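Peer 1: Residues per chain are reported as follows:
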Amino acid sequence: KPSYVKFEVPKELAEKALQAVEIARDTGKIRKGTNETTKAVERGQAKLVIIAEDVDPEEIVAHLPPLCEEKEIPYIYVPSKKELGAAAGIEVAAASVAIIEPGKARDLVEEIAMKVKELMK
Amino acid sequence: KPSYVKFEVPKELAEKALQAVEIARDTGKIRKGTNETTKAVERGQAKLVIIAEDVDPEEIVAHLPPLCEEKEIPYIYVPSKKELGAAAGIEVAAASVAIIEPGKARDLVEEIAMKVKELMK
Amino acid sequence: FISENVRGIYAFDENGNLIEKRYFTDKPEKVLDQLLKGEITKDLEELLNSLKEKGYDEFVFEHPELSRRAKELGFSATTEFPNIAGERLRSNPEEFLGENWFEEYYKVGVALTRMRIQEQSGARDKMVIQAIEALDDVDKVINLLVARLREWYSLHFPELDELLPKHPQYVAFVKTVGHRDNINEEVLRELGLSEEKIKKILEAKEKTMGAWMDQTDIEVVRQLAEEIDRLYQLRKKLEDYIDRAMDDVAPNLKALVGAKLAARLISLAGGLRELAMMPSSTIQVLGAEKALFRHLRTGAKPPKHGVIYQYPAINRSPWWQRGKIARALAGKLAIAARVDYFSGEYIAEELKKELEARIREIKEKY
Amino acid sequence: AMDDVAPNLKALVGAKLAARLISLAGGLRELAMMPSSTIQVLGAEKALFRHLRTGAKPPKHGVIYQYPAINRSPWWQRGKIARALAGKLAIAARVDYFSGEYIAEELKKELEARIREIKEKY
Amino acid sequence: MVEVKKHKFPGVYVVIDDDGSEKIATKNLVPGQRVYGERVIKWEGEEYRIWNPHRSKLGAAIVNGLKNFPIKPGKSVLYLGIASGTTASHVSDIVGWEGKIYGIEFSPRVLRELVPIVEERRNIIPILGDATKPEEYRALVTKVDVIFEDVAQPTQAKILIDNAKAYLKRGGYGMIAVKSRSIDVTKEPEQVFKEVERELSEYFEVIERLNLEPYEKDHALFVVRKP
RNA sequence: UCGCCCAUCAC
RNA sequence: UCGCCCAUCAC
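Residue numbers (PDB author numbering), protein chains in the order written: chain D, 1 to 121; chain J, 1 to 121; chain C, 1 to 366; chain I, 245 to 366; chain E, 1 to 227.
What the hints contain is simulated information worked out from the structure, not anything from laboratory work. Even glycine gets a Cβ: it sits at the ideal position worked out from N, Cα and C. Just to be clear, a hint being listed does not mean it is correct.
Computed list of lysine-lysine pairs in DSS-like fashion (alpha-carbon distance at most 30 Å, straight line) [stated by the list, open to error]:
1) C:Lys254 - I:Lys332
2) D:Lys29 - D:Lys71
3) D:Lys82 - C:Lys324
4) C:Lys332 - C:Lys290
5) J:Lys121 - J:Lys29
6) C:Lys260 - I:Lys353
7) E:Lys23 - E:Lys72
8) J:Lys39 - I:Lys301
9) I:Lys363 - I:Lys301
10) D:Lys82 - C:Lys365
11) C:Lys21 - E:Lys169
12) E:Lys179 - J:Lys29
13) C:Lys324 - I:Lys353
14) C:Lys324 - I:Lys352
15) I:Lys304 - J:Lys71
16) C:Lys363 - I:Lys324
17) J:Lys39 - I:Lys353
18) E:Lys6 - E:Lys23
19) E:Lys143 - C:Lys27
20) I:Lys363 - C:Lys353
21) E:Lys158 - J:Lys29
22) D:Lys1 - C:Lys126
23) D:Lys1 - C:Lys254
Listed next, the stretches of chain I that the computed footprint assigns to chain J, with coverage defined by at least 3 CB atoms under 8 Å from CB atoms of chain J [unchecked claim]:
24) 273-281
25) 324-336
26) 340-350
Just a sample of chain C residues kept apart from chain E, beta carbon distances all over 12 Å, derived [as the list claims (entries may be wrong)]:
27) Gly16
28) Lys42
29) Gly74
30) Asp139
31) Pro158
32) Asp214
33) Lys254
Produce the complete structure using the sequences and hints provided.
Peer 2: Below is the structure:
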């Protein structure tokens, strides 16, 4: 079990973060892969970031949790890098995905941010 | 003036050792350059070794004097690597030259060895 | 004048009496290899400076190159191997180390022979993890074969099972005894049992209710005990491997690119946290300096590479390859910097293999 | 700046490869004594054995194959680079052992000129 | 049917058997353990192990007729050219717990295999370093009664002589396996053997010289004494 | 039951 | 094309 999944994720909200990627894909502004995640996670106003649960080495995404604590942004995760690539719409994998504008996903990002902030507390 | 020298000399012995290279080359057996000198030095077979005074960096030949104590063979120096290369017949320079068989020059190499054993003392 | 051996460092005068002696402040093989191959160590350094405080100005050592380093350290140093300090220590070692002296010579000689070869893993902690899983699996199969050894030898001496509870002591007993009439006070006292435990066993051998295994049968149960003592020796080789393997620990960036580029990327990100927080598509252009500056201020040509330019396949290759290698290298570096900051665990031979493979792919492509 | 000290082999071939090559020679003394032709083949294992004992072709490289401009590289240049690497490696060992001064970025610049010339020739 | 007997040399044994010819043997320093897959005999309170002469020249030389053998019970000896130590196992048996054995090797990996075997054979010390350079092990060796050389490198006359400057006592012995073809391949072996005799007789006295024919070819054994 | 060589291809 | 030391498996 990797060191970056610092809270236990329930049978809810994970599929809503997957759905938030699916519907931001043609309607928002979005980046995919961990280095493009990293620059849109530093720069401008990101709204949400998503990670896979099977990233190996774990070290490549282990930077994203402390980087979200310095800058007041929420994070969440989903069960597979190959499914996260397919959610972004690429036939390879993705270790992480970042939302710059939610498009359709704005009410989903508001529900996720409200529920995760009181979970980790 | 380099670090690796062990005794002082005038042009005496040194001009006679350069003269010995100029007749061992085509009456006997010889090698030229420091890695071929070092092969004939490490496996003992060099009966006399000649090194330059102007090697730059100086460190590439700095093993030849102590390694000639370790195997028990005479060694001598000469004032310029380009002129030692030209004495060895080649058109570049040489940091050192090795005599395997003196050819006609036996009394001359035996004088050099006998007079260098006055200085390695 | 000065000489060294297995346990210490000794100074004797030009008539032949001891002035001072030291012992090593690190494990003897680790210090003696340096002094044997010809380089200076702090314990010999503190002795030769004690002789300089005591007013000795000229020095005579054993090794020609330790003598060469001693004159480069600022001393009137020379070499003479037959000198009294070494000649006494090697002629009469029983005067200095006592009538057991060869046992300490032995203990460090075999350790130096274990040390005069290099040790460099790509996965040292993962190898230690498999050695730790092997240590529980070995103890678990020793327990299994000991349960069979107890039950089978109880056919021939059933009184033994309650009487020897300690498992390796039961194994070594069956290994060396085999048949029950080879039991004697001497072999039990060599196996190190107490006079109390030897007041039993022999009492039971004269009255046992066990059956008869032949000489041809009971050697099979002896061979079962001998292969369990092989397994107990492997158990120690696993424990002793880990006791060495925990010295080979290192950072990844030092192996993947080395200090000239690693310390530059750290300094151009301002620190190693900051380098680990950076993307590949900025690590590519760290230390592009005037090229990054004017790509911003005047909207100029995007920098193809920064301080990575002197990498082993960029400043020395065709333009076709120079652009492709720069971002692939910056990808693998963005992984390596995050490993060295967030976990510090070593994987860099695989990060090297992937950058061999991607540059071989750039070769089959271009 | 007058308090600085740095080893040459540690910068020319990288610390882990330098530290390995020093032991296939028996010591840093031997790496500072031996010829480039022998330093080229150190730790080639059973390829050196069959070149001596069975009379096979000489090995083009030993442990210097792990050098970061030989390991990934195409065949046309791997042998040419291995010979010049063994010469420049023998120099760096002689500087670290006899002199204790630092020139390793010059020694790199010269091998980098020879690698550029190998591309310009082949 | 087999019988174990003493040889004409202290600590050395012989077996005769079902063909009845003599084979050379030793009384095992650590009974029960094997080294190379040897032929063995368990005996009345004892165990004996055989040295096959086709496995090391020093066995073949003792079969041929080598008479001035100096390695004996309780002596101190230094040996160069040991590798994994089949030779060293039989001198470990002959010298016993009373003596002292050093073994030096220059080939780095082949010495590794002896490292666990000396945890039983604790009268041997294995040492990694160039046999031509005594100074490279100077802290972990002592003065000895005997030196033996069977690395038999091109340097082997300097290997024997310089180790016999450093470590051999006054009145002490030397042995060398002269590999003629590796000292000089350009001349008849009797010229190589004559220079080895005339260099060694400017430091030692020579006591015996043996060509290994008709068992093997062009290799010789010399044995010597320091005054 | 096991081994070698020419031409061409690749790192 | 050859030498020696040495493990392991076998007759």
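Peer 1: So, for every hint listed, does it hold in this structure?
Peer 2: Structure-based check of all given hints:
1. Taken as a hint, the C:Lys254 and I:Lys332 pair is honoured in the structure, with Cα atoms around 21 Å apart against an allowance of 30 Å.
2. Distance restraint check for D:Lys29 and D:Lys71: the Cα-Cα separation of roughly 20 Å lies within the 30 Å cut-off, and the hinted pair is therefore satisfied.
3. In summary, the hint linking D:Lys82 to C:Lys324 is supported, as the alpha carbons are separated by about 25 Å, within the 30 Å threshold.
4. Distance hint between C:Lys332 and C:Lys290 is fulfilled; the C-alpha atoms sit about 25 Å from each other, no more than 30 Å.
5. Among the hinted pairs, J:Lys121 with J:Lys29 is consistent with the structure: their alpha-carbon atoms are about 29 Å apart, no more than 30 Å.
6. Between C:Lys260 and I:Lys353 the CA atoms are separated by roughly 13 Å; this keeps the pair inside 30 Å, and the hint holds.
7. Using a Cα cut-off of 30 Å, the hinted pair E:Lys23 and E:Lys72 holds, with the two alpha carbons roughly 19 Å apart.
8. Using a Cα cut-off of 30 Å, the hinted pair J:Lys39 and I:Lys301 holds, with the two alpha carbons roughly 19 Å apart.
9. Restraint check for I:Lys363 and I:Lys301: satisfied, since their Cα atoms lie roughly 26 Å apart, inside the 30 Å limit.
10. Of the supplied pair hints, the one linking D:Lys82 and C:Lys365 holds, its CA atoms being roughly 26 Å apart against a limit of 30 Å.
11. For the suggested pair C:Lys21 and E:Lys169, the alpha carbons sit about 25 Å apart, so the restraint of at most 30 Å is met.
12. For the hint pairing E:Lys179 with J:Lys29, the CA-to-CA distance comes to about 26 Å; that is within 30 Å, so the pair holds.
13. Taking the CA atoms of C:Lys324 and I:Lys353, the gap is about 23 Å. The hint holds against a cut of 30 Å.
14. Between C:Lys324 and I:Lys352, the direct Cα distance comes to roughly 23 Å. Compliance with the 30 Å bound is thereby established for this hinted pair.
15. Proposed proximity of I:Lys304 and J:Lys71 is supported: the alpha carbons are some 29 Å apart, at most 30 Å.
16. At roughly 18 Å between alpha-carbon atoms, C:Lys363 and I:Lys324 fall within 30 Å of each other, so this suggested pair holds.
17. Taking the CA atoms of J:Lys39 and I:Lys353, the gap is about 27 Å. The hint holds against a cut of 30 Å.
18. For the suggested pair E:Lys6 and E:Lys23, the alpha carbons sit about 11 Å apart, so the restraint of at most 30 Å is met.
19. Of the supplied pair hints, the one linking E:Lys143 and C:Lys27 holds, its CA atoms being roughly 25 Å apart against a limit of 30 Å.
20. Restraint check: the Cα-Cα separation between I:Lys363 and C:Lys353 comes to about 24 Å, which is no more than 30 Å; the hinted pair holds.
21. Proximity of E:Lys158 to J:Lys29 is assessed by CA-CA distance (about 25 Å); at most 30 Å being required, the pair is judged to hold.
22. The hinted pair formed by D:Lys1 and C:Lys126 meets the criterion: a straight-line CA distance of about 16 Å does not exceed 30 Å.
23. The straight-line distance between the Cα atoms of D:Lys1 and C:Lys254 is roughly 28 Å, inside the 30 Å bound, and the hint therefore holds.
24. Counting residues of the region 273-281 of chain I whose beta-carbon sits less than 8 Å from any beta-carbon of chain J gives 6, enough to reach three: the coverage restraint holds.
25. With a cut-off of 8 Å between beta carbons, the region 324-336 of chain I has 3 residues touching chain J; three or more are needed, and the interface restraint holds.
26. A count of 3 residues in the region 340-350 of chain I with a Cβ less than 8 Å from any Cβ of chain J is obtained; the coverage claim is therefore met, three being the minimum.
27. A cut-off of 12 Å between C-beta atoms confirms that C:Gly16 is not in contact with chain E; the least separation is 16 Å.
28. No beta-carbon of chain E is positioned within 12 Å of the beta-carbon of C:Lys42; the least distance is around 16 Å.
29. The claim that C:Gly74 is not at the interface with chain E holds, since no C-beta of that chain comes within 12 Å of its own (minimum 23 Å).
30. The claim that C:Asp139 is not at the interface with chain E holds, since no C-beta of that chain comes within 12 Å of its own (minimum 21 Å).
31. Remark: the non-interface label on C:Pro158 is consistent with the geometry, its nearest Cβ contact in chain E lying 28 Å away (cut-off 12 Å).
32. The beta carbon of C:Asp214 is kept farther than 12 Å from every beta carbon of chain E, the shortest such distance being approximately 19 Å.
33. Under the 12 Å C-beta cut-off, the non-interface status given to C:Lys254 relative to chain E holds; the minimum distance is some 26 Å.
Comparing the model with each numbered hint stated earlier shows that all of them hold.
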